[PDB]
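Peer 1: Following the hints, complete the assembly by docking chains A, Y, B and F onto the known chain G.
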Amino acid sequence: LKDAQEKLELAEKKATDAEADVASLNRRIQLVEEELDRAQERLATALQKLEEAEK
Amino acid sequence: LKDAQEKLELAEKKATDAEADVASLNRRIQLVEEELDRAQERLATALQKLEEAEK
Amino acid sequence: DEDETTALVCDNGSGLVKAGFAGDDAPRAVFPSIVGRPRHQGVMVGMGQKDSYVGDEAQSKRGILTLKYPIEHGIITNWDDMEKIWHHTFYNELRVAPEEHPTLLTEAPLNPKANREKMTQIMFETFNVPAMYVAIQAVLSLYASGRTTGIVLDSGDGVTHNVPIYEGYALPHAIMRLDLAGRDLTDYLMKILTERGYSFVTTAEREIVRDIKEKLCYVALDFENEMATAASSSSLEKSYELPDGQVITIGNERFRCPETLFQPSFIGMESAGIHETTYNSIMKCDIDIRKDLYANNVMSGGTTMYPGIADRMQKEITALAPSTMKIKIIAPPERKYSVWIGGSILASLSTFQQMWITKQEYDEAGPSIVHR
Amino acid sequence: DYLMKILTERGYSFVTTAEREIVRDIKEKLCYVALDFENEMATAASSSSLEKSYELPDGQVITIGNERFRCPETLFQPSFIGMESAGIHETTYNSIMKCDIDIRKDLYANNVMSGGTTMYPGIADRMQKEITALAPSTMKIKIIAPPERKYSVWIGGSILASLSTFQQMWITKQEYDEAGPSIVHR
Amino acid sequence: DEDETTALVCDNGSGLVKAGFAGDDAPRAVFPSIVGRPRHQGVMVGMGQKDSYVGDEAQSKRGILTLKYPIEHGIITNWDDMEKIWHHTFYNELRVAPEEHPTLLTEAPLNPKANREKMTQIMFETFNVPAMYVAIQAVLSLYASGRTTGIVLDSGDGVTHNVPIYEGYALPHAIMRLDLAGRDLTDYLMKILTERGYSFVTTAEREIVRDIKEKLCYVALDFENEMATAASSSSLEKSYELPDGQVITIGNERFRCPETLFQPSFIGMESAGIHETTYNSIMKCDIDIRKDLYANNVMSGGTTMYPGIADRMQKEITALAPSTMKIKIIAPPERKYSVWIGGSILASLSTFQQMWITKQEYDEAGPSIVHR
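Protein chains in written order, with this note's numbering: chain G, -15 to 39; chain A, -15 to 39; chain Y, 6 to 377; chain B, 7 to 192; chain F, 6 to 377.
Keep in mind the hints are simulated off the structure, nothing from the lab. Keep in mind that the hints are not guaranteed to be accurate.
Calculated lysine-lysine pairs in the DSSO-like style (CA-CA distance at most 27 Å, straight line) [said to hold, decoys possible]:
| id | chain 1 | residue 1 | chain 2 | residue 2 |
| --- | --- | --- | --- | --- |
| 1 | F | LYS196 | F | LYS243 |
| 2 | A | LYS39 | B | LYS179 |
| 3 | G | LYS(-2) | A | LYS33 |
| 4 | F | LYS55 | F | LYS73 |
| 5 | F | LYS296 | F | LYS331 |
| 6 | B | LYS148 | A | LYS39 |
| 7 | Y | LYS118 | Y | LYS89 |
| 8 | A | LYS(-2) | Y | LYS55 |
| 9 | B | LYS146 | B | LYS58 |
| 10 | A | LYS(-14) | Y | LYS333 |
| 11 | G | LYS33 | B | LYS11 |
| 12 | F | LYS123 | Y | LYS196 |
| 13 | G | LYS39 | B | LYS58 |
| 14 | F | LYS118 | Y | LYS196 |
| 15 | F | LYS289 | F | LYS243 |
| 16 | F | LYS73 | F | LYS89 |
| 17 | G | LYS(-14) | Y | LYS333 |
| 18 | B | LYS179 | G | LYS33 |
| 19 | B | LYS33 | B | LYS135 |
| 20 | G | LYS(-3) | A | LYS(-14) |
| 21 | B | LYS33 | B | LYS156 |
| 22 | B | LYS179 | B | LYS146 |
| 23 | B | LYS135 | A | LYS33 |
| 24 | Y | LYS333 | Y | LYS118 |
| 25 | B | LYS11 | B | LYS35 |
| 26 | A | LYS39 | B | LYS146 |
| 27 | Y | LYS89 | Y | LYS55 |
| 28 | G | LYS(-2) | A | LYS39 |
| 29 | G | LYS33 | A | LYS33 |
| 30 | B | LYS148 | B | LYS111 |
| 31 | B | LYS35 | B | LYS58 |
| 32 | B | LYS35 | G | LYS39 |
| 33 | Y | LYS289 | Y | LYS123 |
Looking at chain G on its own, in the form it has when it is part of the complex:
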């Protein structure tokens, strides 16, 4: 018993550190993916504004 319960607080500790890092990295991926459609969208507009001004 001491061994199954000790193996435990360690496996549950690891499970919670990994769930915490996946939540953080998924929040970071959604924010960088959202910074994106924004960077790329104002891009289609800045390049179009260039082709018209160059003309």
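Peer 2: This is chains A, Y, B and F only, laid out in the frame that chain G set:
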């Protein structure tokens, strides 16, 4: 004992499903962050090319 | 449905209000417990002159207002400013009219008789709610974890408490209050982080030390050989990126902050700490009920959310309790809303209808009626 | 007056008053603020078709290649003119680390430029890069420089004063004859 | 005599160094805490190329050098440039060889453990002094006023502090630091004096605004009806004659400058002011020691020299303190050197010999030894 050991195969199972999803989501965030410095970099250049052509 | 839908649950805190409808799983509204009063005359573009600000608009605009906290250490200290936070809760946050909704409110552990009568006076006489009810906070936390006997370590923004409850009756003479909580804890991190060689200079630096505390702080078990570990310098360190790039690193202090809850001496407090206090509450109770309390240490409150809090407490009281005893530290995941959820359950319950204090009871018995 | 000297120093003479006045029209028409003012002097030396000749009140075609940008580099380097003060970009920044912390992301994404002397082309790009590289990387920099900027101030007044809501802030002779100059002073 | 004569006392400040021999009544050496680095290559007539300049030669020659301040807000921020100021102090200012003199140094209130170990590393390992000792500044100020318990409001050139001390031990958790001092104060006068319709245009105009602040500035009690007095225009005005004839007049602003120390709002500071901070330090201390601290507010530092500072503080804290209390604001005349004098006394003392950290202690215990 039956309860600590049973609580266990379930906590270790959850730990491995969560470590698998974090690995996948971190691979996806690095790829979308790398599509990025690229989208934004050609952007600093397209907007600079505009300000020079507009001038 | 009349009131099945209609019961409101408002949990008034020292830092946050949690509010919503009995029935829901979590609070519909969560916001700071402040009331801002503008230091100068003037307006925002498009708005009129505002006499007062509450919740997040008071926090966001804090530079031109004098901020005030109505609830000091869980007790309502200013009733003019509290009626302001309630008004905001009903009318703006939940957007309901109060005069057709039963309202379950919460109070603190040894809340003065006179206060429970005063918020009843204000609920019925200035908000005109149909019926209301005041539950004690630890008692709703316990109940939300299914049980009726246990001891709750409750810890939020301005107070910590231990409230031993037996078949529902919170035990007055065994309750302990420790005035050191998450607010105290953010300010201590602040100093050990400036002391790490940093500067939280502008208000956008100040606020985020609190978001560092929440995201990266830990309660290590064997806090002893965790400092020792810090020194060998493992990949224990953790860098957070600020509002801008300014990547700040926090390795070690990460757990030196919740070690404050076991050692108040870290902050010039001479009081005993969380685990000893759990215990002392317990050797102040009847003898025959002490096995029950020990197997039912329910945790609730924002500051009890630090990971590994439960393991440290587990081992902290096993090693103070007689070995013949079973220790059991229950810490649920939703614990930052236990109190609220316990109220949602209770107030949506089928049997609670007969404990609601109605305007009939009040107009006929005076504030005494709900006071119990 | 600094262009004046670097142009007489180019081997010239702005002798009569019809020579003096037009150095100012040279500054306005031909002056530039180069980004990487460093390898722009270097460029000057290889002598590209960077040069620019202006025809004076008469024929006297004067050439200005290089000095063309040495004049607005004075705004970033006051040391060009025996000034010990800091320059435009550092000063933008210092203003900003003198403000509340929570408002500094706002100020950084809203550097609005106005005034006749901020019209030198490439002023905005130099400022863009001047403060990005002083600001914490977590920050968004944004240098707005509109085309009508030599009249921003005026146009902002035209808008505001023709506005529908401004009527109630006008100080009237009623306010004045009754409150003294204090009234409008706020 | 071996070391009775021989003990050195060096007080390192944000603006000035104060130095001399334990035994003397006042510092033998006082000079700016700058290190100038020449912006161009060249020489003065008759001298060689100089890599660096320190103290007054750095101030006097400031137009061709880049000036740098090693101590930011009382803490040593650049150790290359500090070892330069120490070198200058021993060898040029006091003209002593350090390897035969015990050296008492001072540090700031919550000086990081690691710094006290670093200046010990540099004292013993690059200057090879026989023995040294680091005293905390407020603690030497108190002691120089005879006592051992009191609270020091210490205010110099870059920092202000409140350090409550009880039977000699400065109380870590009750210490307050306010980063607004004499430096901030000269620059504010500057603006209210240009704002009086003036110009401190050349560097000979800049420097003397500071000599105006020192000579003519006041801290009025009832700063309220002192502005009111200004208006009736009494013979309150005061004209100073500049390096040349240019007689500048300062009537009123004369006290608007030290009113900045009670109202930080005069300078866009949101922090509390000197008197409130004295008080807050005090309601952060143990209860039983608060009558002691109140009857022993010792003032030290160049910026606490403004006449009538003590009367304003006297009345500022009487009216915040419970009336059962005795208030007592001690402000001695030599206060711009309290710190130093407290060190001179202590280090020349008969009983201090047994606390000197010797090279024997160091070579055997590492920097840890003096760190305490």
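Peer 1: Now tell me, hint by hint, if it's right for this structure.
Peer 2: Hints, verified against the model:
In summary, the hint linking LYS196 (chain F) to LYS243 (chain F) is supported, as the alpha carbons are separated by about 17 Å, within the 27 Å threshold. Note on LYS39 (chain A) and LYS179 (chain B): the hinted pairing is violated, with a Cα-Cα distance of about 48 Å set against a maximum of 27 Å. The suggested pairing of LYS(-2) (chain G) with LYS33 (chain A) is violated, with an alpha-carbon distance near 51 Å, which exceeds 27 Å. Distance check on the hinted pair: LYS55 (chain F) and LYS73 (chain F) sit about 16 Å apart at the alpha-carbon level, within 27 Å; holds.
Restraint check for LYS296 (chain F) and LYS331 (chain F): satisfied, since their Cα atoms lie roughly 7 Å apart, inside the 27 Å limit. Taking the CA atoms of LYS148 (chain B) and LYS39 (chain A), the gap is near 19 Å; set against the 27 Å cutoff, the hint holds. For the hint pairing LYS118 (chain Y) with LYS89 (chain Y), the CA-to-CA distance comes to about 22 Å; that is within 27 Å, so the pair holds. Restraint check: the Cα-Cα separation between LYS(-2) (chain A) and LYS55 (chain Y) comes to about 52 Å, which exceeds 27 Å; the hinted pair is violated.
Distance hint between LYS146 (chain B) and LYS58 (chain B) is unfulfilled; the C-alpha atoms sit about 36 Å from each other, more than 27 Å. A distance of roughly 18 Å separates the Cα atoms of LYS(-14) (chain A) and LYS333 (chain Y); the hinted pair therefore holds under the 27 Å criterion. With a C-alpha separation of about 40 Å, the suggested pairing of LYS33 (chain G) with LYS11 (chain B) is violated against the 27 Å cut-off. About 21 Å separates the Cα atoms of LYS123 (chain F) and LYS196 (chain Y), which keeps this hinted pair within 27 Å; it holds.
Among the hinted pairs, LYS39 (chain G) with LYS58 (chain B) is consistent with the structure: their alpha-carbon atoms are about 25 Å apart, no more than 27 Å. In summary, the hint linking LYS118 (chain F) to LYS196 (chain Y) is supported, as the alpha carbons are separated by about 14 Å, within the 27 Å threshold. Between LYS289 (chain F) and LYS243 (chain F) the CA atoms are separated by roughly 42 Å; this puts the pair beyond 27 Å, and the hint is violated. A distance of roughly 11 Å separates the Cα atoms of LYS73 (chain F) and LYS89 (chain F); the hinted pair therefore holds under the 27 Å criterion.
Taking the CA atoms of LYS(-14) (chain G) and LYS333 (chain Y), the gap is near 16 Å; set against the 27 Å cutoff, the hint holds. With a C-alpha separation of about 50 Å, the suggested pairing of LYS179 (chain B) with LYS33 (chain G) is violated against the 27 Å cut-off. For the proposed pair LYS33 (chain B) and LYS135 (chain B), the alpha carbon gap of about 23 Å is at most 27 Å, so the pair holds. For the hint linking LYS(-3) (chain G) to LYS(-14) (chain A), the alpha-carbon distance of about 20 Å falls within 27 Å, and the restraint holds.
A threshold of 27 Å between alpha carbons decides the hint, and for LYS33 (chain B) with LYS156 (chain B) the separation of about 15 Å falls inside it, so the pair holds. Taken as a hint, the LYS179 (chain B) and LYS146 (chain B) pair is broken in the structure, with Cα atoms around 46 Å apart against an allowance of 27 Å. Between the alpha carbons of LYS135 (chain B) and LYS33 (chain A) the distance comes to roughly 15 Å, so the proposed pair stays at or under 27 Å and holds. A hinted pair counts as satisfied when its Cα atoms are at most 27 Å apart, and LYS333 (chain Y) with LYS118 (chain Y) does not qualify at roughly 33 Å.
At roughly 18 Å between alpha-carbon atoms, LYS11 (chain B) and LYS35 (chain B) fall within 27 Å of each other, so this suggested pair holds. Taking the CA atoms of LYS39 (chain A) and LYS146 (chain B), the gap is near 24 Å; set against the 27 Å cutoff, the hint holds. For the hint pairing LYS89 (chain Y) with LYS55 (chain Y), the CA-to-CA distance comes to about 13 Å; that is within 27 Å, so the pair holds. A threshold of 27 Å between alpha carbons decides the hint, and for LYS(-2) (chain G) with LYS39 (chain A) the separation of about 59 Å lies outside it, so the pair is violated.
Simply put, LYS33 (chain G) and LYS33 (chain A) have alpha-carbon atoms about 11 Å apart, close enough for the 27 Å limit, and the pair holds. Proximity of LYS148 (chain B) to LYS111 (chain B) is assessed by CA-CA distance (about 10 Å); at most 27 Å being required, the pair is judged to hold. The suggested pairing of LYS35 (chain B) with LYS58 (chain B) holds, with an alpha-carbon distance near 11 Å, which does not exceed 27 Å. For the suggested pair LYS35 (chain B) and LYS39 (chain G), the alpha carbons sit about 24 Å apart, so the restraint of at most 27 Å is met.
Pair hint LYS289 (chain Y) plus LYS123 (chain Y) does not hold up; C-alpha atoms about 31 Å apart against a cutoff of 27 Å.
Hints 2, 3, 8, 9, 11, 15, 18, 22, 24, 28 and 33 from the earlier list are contradicted by this structure; the remaining hints agree with it.
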